[PDB]
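**Student:** Spelled out, the chains give:
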Amino acid sequence: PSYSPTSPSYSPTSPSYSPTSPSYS
Amino acid sequence: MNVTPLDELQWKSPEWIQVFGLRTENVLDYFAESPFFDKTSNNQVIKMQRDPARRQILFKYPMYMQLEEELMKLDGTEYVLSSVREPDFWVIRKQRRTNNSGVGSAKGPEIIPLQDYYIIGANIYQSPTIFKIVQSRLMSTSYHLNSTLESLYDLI
Amino acid sequence: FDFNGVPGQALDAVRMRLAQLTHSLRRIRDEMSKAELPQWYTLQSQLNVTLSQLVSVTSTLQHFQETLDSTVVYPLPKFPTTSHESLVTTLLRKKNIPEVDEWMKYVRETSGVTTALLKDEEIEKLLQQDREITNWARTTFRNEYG
Amino acid sequence: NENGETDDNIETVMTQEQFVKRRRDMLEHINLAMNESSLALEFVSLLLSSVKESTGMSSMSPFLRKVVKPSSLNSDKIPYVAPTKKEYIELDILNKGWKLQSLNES
Amino acid sequence: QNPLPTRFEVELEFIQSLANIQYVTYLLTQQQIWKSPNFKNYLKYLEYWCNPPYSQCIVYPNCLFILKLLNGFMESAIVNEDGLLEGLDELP
Amino acid sequence: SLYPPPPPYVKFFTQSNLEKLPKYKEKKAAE
Amino acid sequence: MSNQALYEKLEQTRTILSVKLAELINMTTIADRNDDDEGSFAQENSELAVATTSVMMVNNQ
Numbered sequence: 001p002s003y004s005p006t007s008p009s010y011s012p013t014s015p016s017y018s019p020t021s022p023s024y025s
Numbered sequence: 001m002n003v004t005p006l007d008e009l010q011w012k013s014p015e016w017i018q019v020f021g022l023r024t025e026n027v028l029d030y031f032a033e034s035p036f037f038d039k040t041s042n043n044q045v046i047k048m049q050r087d088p089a090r091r092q093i094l095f096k097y098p099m100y101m102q103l104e105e106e107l108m109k110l111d112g113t114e115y116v117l118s119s120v121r122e123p124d125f126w127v128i129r130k131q132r133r134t135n136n137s138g139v140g141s142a143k144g145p146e147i148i149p150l151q152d153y154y155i156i157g158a159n160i161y162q163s164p165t166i167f168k169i170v171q172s173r174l175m176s177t178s179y180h181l182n183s184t185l186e187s188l189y190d191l192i
Numbered sequence: 023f024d025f026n027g028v029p030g031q032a033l034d035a036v037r038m039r040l041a042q043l044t045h046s047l048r049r050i051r052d053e054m055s056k057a058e059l060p061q062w063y064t065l066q067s068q069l070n071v072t073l074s075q076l077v078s079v080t081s082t083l084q085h086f087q088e089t090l091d092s093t094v095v096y097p098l099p100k101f102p103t104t105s106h107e108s109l110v111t112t113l114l115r116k117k118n119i120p121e122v123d124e125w126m127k128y129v130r131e132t133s134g135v136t137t138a139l140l141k142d143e144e145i146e147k148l149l150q151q152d153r154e155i156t157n158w159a160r161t162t163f164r165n166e167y168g
Numbered sequence: 182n183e184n185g186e187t188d189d190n191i192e193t194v195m196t197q198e199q200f201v202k203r204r205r206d207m208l209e210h211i212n213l214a215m216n217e218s219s220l221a222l223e224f225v226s227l228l229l230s231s232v233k234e235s236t237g238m239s240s241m242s243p244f245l246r247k248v249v250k251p252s253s254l255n256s257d258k259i260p261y262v263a264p265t266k267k268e269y270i271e272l273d274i275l276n277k278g279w280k281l282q283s284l285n286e287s
Numbered sequence: 016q017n018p019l020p021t022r023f024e025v026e027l028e029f030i031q032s033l034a035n036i037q038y039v040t041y042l043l044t045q046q047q048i049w050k051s052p053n054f055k056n057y058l059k060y061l062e063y064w065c066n067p068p069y070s071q072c073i074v075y076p077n078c079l080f081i082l083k084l085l086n087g088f089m090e091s092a093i094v095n096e097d098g099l100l101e102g103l104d105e106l107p
Numbered sequence: 011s012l013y014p015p016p017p018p019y020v021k022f023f024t025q026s027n028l029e030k031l032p033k034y035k036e037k038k039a040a056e
Numbered sequence: 001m002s003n004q005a006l007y008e009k010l011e012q013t014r015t016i017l018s019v020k021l022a023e024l025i026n027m028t029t030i031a032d033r034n035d036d037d038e039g040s041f042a043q044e045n046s047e048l049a050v051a052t053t054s055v056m057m058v059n060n061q
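Chains as they are written, first to last, in the deposited numbering: chain k, 1 to 25; chain M, 1 to 50, 87 to 192; chain N, 23 to 168; chain P, 182 to 287; chain X, 16 to 107; chain U, 11 to 40, 56; chain S, 1 to 61.
Honestly, the hints are just simulated from the structure, not real lab data.
Please note: incorrect hints may appear among the correct ones.
Stated by the list, open to error - Derived SDA-like pairs: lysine to any residue, alpha-carbon spacing no greater than 25 Å straight-line:
1) P:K267 <-> M:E122
2) S:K20 <-> S:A42
3) U:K21 <-> X:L84
4) P:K202 <-> N:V79
5) M:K130 <-> N:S105
Stated by the list, open to error - Simulated restraints on C-beta separations:
6) M:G21 <-> X:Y75: 47 to 55 Å
7) P:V248 <-> X:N35: 49 to 57 Å
8) P:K266 <-> M:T113: 19 to 27 Å
9) M:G21 <-> N:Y128: 45 to 53 Å
Stated by the list, open to error - Over 12 Å on every C-beta distance to chain k, these chain P residues come out as not near it, computed from the model:
10) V249
11) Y269
12) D273
13) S287
Quick reminder that beta carbons are idealized off the backbone N, C-alpha and C, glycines included.
With these hints in hand, go ahead and build the complete structure from the sequences.
**Tutor:** Printed below as a string of structure tokens:
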């Protein structure tokens, strides 16, 4: 009962959270 | 010198040739994660040198089940109706993907817990994370961005 | 009985304050878009001032179980439905810092320290404590305001 | 004096591009934090384990379509110790003096 | 017209283009090329031009200095998750 | 973008190939 | 009447008194004041949120 429904926004296009360095064998 | 620290990428395609398809998957992870440090590998090298409550919940199907016996053997502090392990690494899985932990088990008749690290493993990548670490994340992010917002209240 | 009671003791408590900071931001976000008219400089401070307050309670709610939660450190295992559409899982379970961490360095390097170790560092602590004690001097001067 | 202080408290301005771009800054830079507080609402679905948890969960429309209660943890009260006891943690408290200093400079 | 350049010709042309500050900038503030260590490793490999007989082919001497800087920077440069070079985020 | 991309040879500069290099250089000693 | 108008002014004055003090005192806490003494009751633990106290202090105080 805080407000009513819960505000969507879900996002994978954001800045980024993952890096990358163990690509090499 | 830049670190990848709180889990990042995989090791990929290199034991994709050696082939990943469960059971072998665990060993592929070992090379990849750069995170087999003692017991599981140690068990591996010695040979290479020449239930639990959670386990009951888990239930092991195929050769990894055999290894499991070996791992208990490797690492078992023994009490009357109980056994505890040192540094074993192990897994829980489904279909395309699974998740694995490296743990310490404390047992009893009506309860048993393993304290460990847990790692999920989909398509050549490992995830190892923490709530509270998890929060600080987009939380501090929310606020730095709110203070960009507050800085913009530089309006008359 | 199959699977486990994992964690999340005060998780409900985080969610509540996580929501209120979401709820106060979200509403300001909705208005923020009717830039046709800004709500009254009273109104925005009422919403953006308790909207910042919301994050103090949400800031503190994090520390209160702060031992408990970084210790809990749960990483997800789920339905393989989570595995399809992928990323959502990478995204939704990920902790980082944004472009943010950078002015965090600007700030860290803005201090007078960095690689000189322990003995000289312990000393700086005693010195900062002396600054807080010279701040007590504020107590003395406040008596004067009388 | 009061009228003039009230004028500065009327947001009022006649700026072209100057006034325009600035308010767009507010929109985006505020929106970011609004959107990241929504990751905060996603930790809500992360509970699962309870009906009141589902309630919190429906917060995402994607939660409306991602049924599972998904996640689980163990015990590293030891890692809490490491967070607190590390020489790194002593040092990090220096990041507290450092940001706070630049805040005092502001 | 001449045939397509040789590898030696391609690398000599390329190392020398780094003598142009703007271009080096356009690279430093790329995204993709810093995700993987490939480019970073390539630039260190290119230091082969800094010694004879190779260096005797360099017409644009600055490119060698800039390569050296560029290289030493990279070793301690922190790479963001996207590719963004961290130590540069404040600049355009 | 009149600014060229780095030479195609960059793709070969993986950490896996770098590791194999010292032994390869040896073997070689034996366009 | 006049009385009610003044009351407000007095309250405003009290508010003005109580916040350069919070800027000074919170300065101590913002600068981080981790205590070897167990009795001292100010906290700055978690990363973001304990230096966030510094960002909030700024805008608030």
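**Student:** A separate judgement is required for each hint: does it hold in the structure or not?
**Tutor:** Each hint tested on the structure:
1. P:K267 <-> M:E122: holds, 23 Å
2. S:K20 <-> S:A42: Between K20 of chain S and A42 of chain S the Cα gap is close to 18 Å, so the pair holds against 25 Å.
3. U:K21 <-> X:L84: holds, 23 Å
4. P:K202 <-> N:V79: violated, 33 Å
5. M:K130 <-> N:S105: With a Cα-Cα distance of about 10 Å, the restraint between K130 of chain M and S105 of chain N holds, given a limit of 25 Å.
6. M:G21 <-> X:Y75: 47 to 55 Å: Once the Cβ atoms are compared, 53 Å apart, the range 47 to 55 Å for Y75 of chain X and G21 of chain M holds.
7. P:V248 <-> X:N35: 49 to 57 Å: holds, 56 Å
8. P:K266 <-> M:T113: 19 to 27 Å: holds, 25 Å
9. M:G21 <-> N:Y128: 45 to 53 Å: holds, 48 Å
10. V249: Holds: least Cβ distance 15 Å, greater than 12 Å.
11. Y269: holds, 20 Å
12. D273: holds, 21 Å
13. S287: Given that every Cβ of chain k is farther than 12 Å from that of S287 of chain P, nearest at about 24 Å, it holds.
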